[PDB]
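Listed next as structure tokens is one chain, alone, in the form deposited in one PDB entry.
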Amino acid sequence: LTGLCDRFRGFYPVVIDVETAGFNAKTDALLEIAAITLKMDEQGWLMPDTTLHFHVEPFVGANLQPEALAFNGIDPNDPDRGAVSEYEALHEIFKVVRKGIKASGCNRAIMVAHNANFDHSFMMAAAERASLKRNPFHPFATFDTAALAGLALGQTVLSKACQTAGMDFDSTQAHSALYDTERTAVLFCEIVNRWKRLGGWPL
């Protein structure tokens, strides 16, 4: 049962990490986003495909409150960032994903992240603000690698899951978005593949 569109009922997994000004998806600002789409070789093995990355600028009515910013120590309005607009990044991400979905034979995108549902809610609220009416991501489903890894390897913590999975993980580079996203994707793939390897797939 080769082919990605048969592995998750038409869902096109896309690994996503976000970095934010604060905990609140509706009020607090989006600062950075990384996305990696996945592809499946003629043998049914899963692997990264495209990688995108952006630094985002705070949206208009954003929460730019001293106490809130200070909390996680970042300056969003710092002009030395190479940041693009919320719309620009999401537009570009969605665009790749859409191309991916079409070409893969899938019907919808599903986000893959560690503790996924929180990042998910951030990237939805943002696309709404952006007015991206053709958001290809499922509005509530997510593959959360924390649970997957708990099943797959008995580990729930991203670092520890990676280490156990046999891959290496650099705790220094840690909570930088791209690195995370990238590790996660590999971790997510290993888990899916390892499941095939042990004859879980197909049925």
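Shifts are known only where both forms have a C-alpha. Residue numbers count along the first chain shown, from 1. Only the largest set of C-alpha atoms that superpose within 1.5 Å between the two forms is called the rigid core. First, how it differs from the form deposited in another entry.
- Residue shifts between the two forms, rigid core superposed: of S176, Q163, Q65, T50, the only C-alpha displaced by 2 Å or more belongs to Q65.
- For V96, a C-alpha deviation below 2 angstroms is recorded between the two forms after rigid-core alignment.
- Superposed on the core, the two forms barely differ at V84: its CA moves less than 2 Å between the two forms.
- With the core held fixed, the Cα of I74 is displaced between the two forms by 2 Å or more.
- Legend: core-fitted overlay between the two forms; highlighted is 64-75, the single run of at least 3 consecutive residues with CA shifts of 2 angstroms or more.
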The other form holds:
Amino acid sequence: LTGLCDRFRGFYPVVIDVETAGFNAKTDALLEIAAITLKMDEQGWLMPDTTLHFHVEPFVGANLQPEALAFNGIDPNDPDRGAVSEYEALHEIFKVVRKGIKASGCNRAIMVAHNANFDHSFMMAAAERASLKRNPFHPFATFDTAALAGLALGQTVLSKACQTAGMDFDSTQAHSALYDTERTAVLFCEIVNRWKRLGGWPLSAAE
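Switch from the form deposited in one PDB entry to the form deposited in another entry and give that structure.
What comes next is one chain alone, with no partners or other molecules.
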């Protein structure tokens, strides 16, 4: 291929997972976020690059759903969380992403996530509140690993997709931002690498 900028029409894939206090991106709090950039080796194989992870303070006036907190087991009132503002978390992620875009020769970043619209809507909403400028992510395009796993593995559930792909998946570590992002990143890389392995990529190898 072999360069990352040539693989997805100049899009720089960044794996994202968020933990929230509900399903409403407009009103519910962002509590946690992890980001994993990708890279290709000289042979053209995809693999994780830089990993970021932040605990996030609920923005002022945010709604908190008890059922959501019960699911992710996150206590926003814990002073020992080490949480930062949405601004600080996303500002650092954007900085690393813009740096990755520049070095790779890509044009823009695209979010890779499982059921990606969820994570995308929450990140865009948080960027709006924090008044962040020059959002390096595509405003509506995403790489949904649920759809990709549907094609590649015939499974749409993250746990099952990883297992089907022959990956390790610990249910005791599941539903945590860093672990979910890492497993999603490996899943996405495996799907992409498998397609190359089967001769589906490059298009000349599609033959």
